[PDB]
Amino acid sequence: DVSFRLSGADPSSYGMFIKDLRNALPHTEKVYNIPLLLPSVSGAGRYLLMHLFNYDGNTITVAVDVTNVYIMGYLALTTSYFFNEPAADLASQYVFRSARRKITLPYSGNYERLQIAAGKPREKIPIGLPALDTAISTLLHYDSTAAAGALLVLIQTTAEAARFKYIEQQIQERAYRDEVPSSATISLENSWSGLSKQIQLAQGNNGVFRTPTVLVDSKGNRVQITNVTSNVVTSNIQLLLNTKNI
């Protein structure tokens, strides 16, 4: 398991949580010096647990699939909540067994279905550490509409930061003031599956991507990514989704 506490958090302690989350995901090889996530894991070993706490100290446990860094569901006191999707239903076989009742949320866990339930897209939802406190507070008591927005905040501030060093840095600057996500942030989140696949293909192709990936940079401008020498590969992406899962 891994943990993070909003009470007393600063850029350094959040960076430490993100390093832990990364090191909890298993791999048997690296590809261009970057961990390759597993094709598959059987049983309960498939799921990682994250314990998160708000400023007031109240908590949820979030179950994460280690092959792909997807959130399956979470436990809030005695009620489990799972996304309405087969991977989550399978997960509900293995995690939060204890719960008194199991609510299936009235949406799956992809960004597009979440944004619809929330009533706004994530470019308009401020993120940061204060926003993560608010998210944890909302998920504590079921309100399916409020929960969708909170889930959008949680996914980005955890799984997305683990995937990209830049996204982790962005949350760090928002340690004490929320701000909607930078354009580069939304771009990387959207490109993770693509980048993972292109990096894997590059082995056997002299480090060259079979298909280039379009992104937004730190200054708000486009870049196009063509090979492994790019700083997105050398100095940003931290985890690769196995092509067996794409």
The other form holds:
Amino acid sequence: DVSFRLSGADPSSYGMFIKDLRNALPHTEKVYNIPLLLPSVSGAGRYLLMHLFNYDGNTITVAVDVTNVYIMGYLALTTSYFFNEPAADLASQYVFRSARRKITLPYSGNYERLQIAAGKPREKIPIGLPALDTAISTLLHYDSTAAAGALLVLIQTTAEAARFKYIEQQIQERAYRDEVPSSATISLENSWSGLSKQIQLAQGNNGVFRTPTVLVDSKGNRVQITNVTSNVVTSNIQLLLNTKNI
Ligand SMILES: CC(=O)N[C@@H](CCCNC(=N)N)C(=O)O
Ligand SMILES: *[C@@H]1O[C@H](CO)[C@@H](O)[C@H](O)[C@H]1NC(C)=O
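Let me have the form deposited with N-alpha-L-acetyl-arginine (AAG) bound next, following on from the form solved without N-alpha-L-acetyl-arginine (AAG).
Below is the whole assembly, all chains and molecules, this chain first.
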């Protein structure tokens, strides 16, 4: 399991949590020195539990699929909640089985469904450590509209920061002031599957992408990624979705 406490949180303690989250995900190989997530994991071992504590010390446990860093559901006191999708209903067979009741949320976990439920795109939702504290708080008591926004904050400040060093640093910059994500952040989230596949196809192709990946940069400038020498590959990306899952 891994844990993160908002009470006393700072850039350093958040970076330690994101390092523990990355290190909790199993891999048997690295591709261009980046851990390659597993094709598959059977049974309960598929799910990592992340224990998150709001500033007041209240807690939710979040279940994360270790092959793709997708959040499946979470437990808040005696109630479990899962996305309305087959992968999450499968997870509910393995995790939080001791909850007194299980609520299926009225959306799946992908960004488009969640933004629809929340009533706003994530370009307009501030993220940061204070937003994460609010999110854990929201999740403690069911409210499906409020929870959609909370889950957009939670996915970006946990999974997306584990996947990209750039996003982890964006959150660290927001340790004590929220701010909506940079266009570069949104670009990277949206590109993780694309990138993961092209970095894997590059082995066998002399480090060269079969298909270029188009990204927005730190300056709001639109750029093209064609090979593994790009900073996005050498420095930023931290985990690769296995092509078997693409
Ligand atoms: C879209 C995204 O990355 N999402 C979340 C998890 C969402 C789980 N559900 C589906 N993917 N359908 C994450 O934790 O990363
Ligand atoms: C590889 O990527 C780098 C950095 O983005 C770029 O400068 C270069 O032109 C690319 N090389 C090839 C052979 O495409």
